[PDB]
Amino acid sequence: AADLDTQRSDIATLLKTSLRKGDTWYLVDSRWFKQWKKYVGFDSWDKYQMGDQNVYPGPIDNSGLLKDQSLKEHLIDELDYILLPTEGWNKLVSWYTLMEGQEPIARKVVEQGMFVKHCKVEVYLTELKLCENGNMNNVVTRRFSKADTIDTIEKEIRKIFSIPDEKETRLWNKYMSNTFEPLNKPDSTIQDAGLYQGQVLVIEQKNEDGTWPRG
């Protein structure tokens, strides 16, 4: 076995281990653990029997969490068991053994991705430079919120250059000199579209012909 004081020290430390999707963690019946906590004096409120061999936990016993080898339903962490990382687990078995006729209870970490909405004070509105294929020198500046959509913008350009509700158009994002990317997701927000301060947007009007002025 080990020094009783390092047993609690090391385990105390391993319990802090951070969850990494994929890693394997093991279950330990909360009852056995308590026998082990009492006997190692883990808690500052029950560290009064460490050493007593009448509170020797013996082999690790997980049978409480088991109906068959099959995990009882509605089990709650720190309630019916605690969890340990590969390391801290092996350390426990190498001090006490695993009660013959039982296989370890291994489970995996699951990661759930999600898009949270958070509020910030928009100190800088995104400043765009707007113009039209006809006259590239007539640049008009507008400031939008990052939460504003492309649609909100296209409609603003339309209004600025008095483009008819009935005329078809397309919108181009000018990322770098001589480089044009379409902006064809009306409902995309400025943030989601990756438009940044000072960016040039070019609107193109469809010819009375059907053809586009740019090709």
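Rigid core: the largest C-alpha set superposing within 1.5 Å between the two forms. Residue numbers count along the first chain shown, from 1. Only residues modelled in both forms are compared. Compared with the form deposited in another entry:
- Superposing the two forms on their core leaves just one of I60, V40, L27, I150 with a Cα displacement of at least 2 Å between these two forms, namely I150.
- Once the larger rigid part is held fixed by C-alpha superposition between these two forms, the smaller part shows a rotation of 53 degrees.
- In sequence order, the regions between these two forms where at least three consecutive C-alphas each move 2 angstroms or more after rigid core superposition are 113-197, 199-215.
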Second form
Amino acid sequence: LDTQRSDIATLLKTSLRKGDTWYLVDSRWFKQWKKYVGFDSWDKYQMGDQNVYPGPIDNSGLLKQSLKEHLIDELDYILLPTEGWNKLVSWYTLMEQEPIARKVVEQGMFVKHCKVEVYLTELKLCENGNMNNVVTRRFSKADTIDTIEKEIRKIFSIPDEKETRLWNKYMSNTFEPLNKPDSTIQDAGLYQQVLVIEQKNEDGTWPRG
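What's the form deposited in another entry like, now that we've got the form deposited in one PDB entry?
No partners, no molecules, just the chain.
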């Protein structure tokens, strides 16, 4: 009984792995099982009482032998892995009614992962006009092209009213346009490299075209 509580507590915390089979347990049957095994430290008084005994597993509330629509996890059902379901099946049997087996599937996602940034990127900076003049600054990998350019303008004394564009300079007149403003220094492929800032001429033409 206390073993039963410890078993299902750890089995509910099983890691989801693609292709694994999990089982839907009606939250009505499960709420009774909890009280009966003293699962919650704030609800131990009915532990072992034949009144809170859940009986054989009953998922009739969840079925129409097709499953009902709009069911929510935790509110209407509980998910247990094979081991967990077989243990509840051993201990209580199932109502005279088939099991509710569903598979773990993967969904691709774009997320945000945090990390402590120990090392900042040291980049070389110059203006197209006077490239002999090189300034070195350290930048966070999470900084966007937009943010890096504003900073380079502060360094090279460029008024916010003058239009600009940034380049990544290579050997022998090779210049990569950095025209994806929301990309991070990391996603733009800038490693520990020479940047070139360019001002739009008064007439509205560009010194590089």
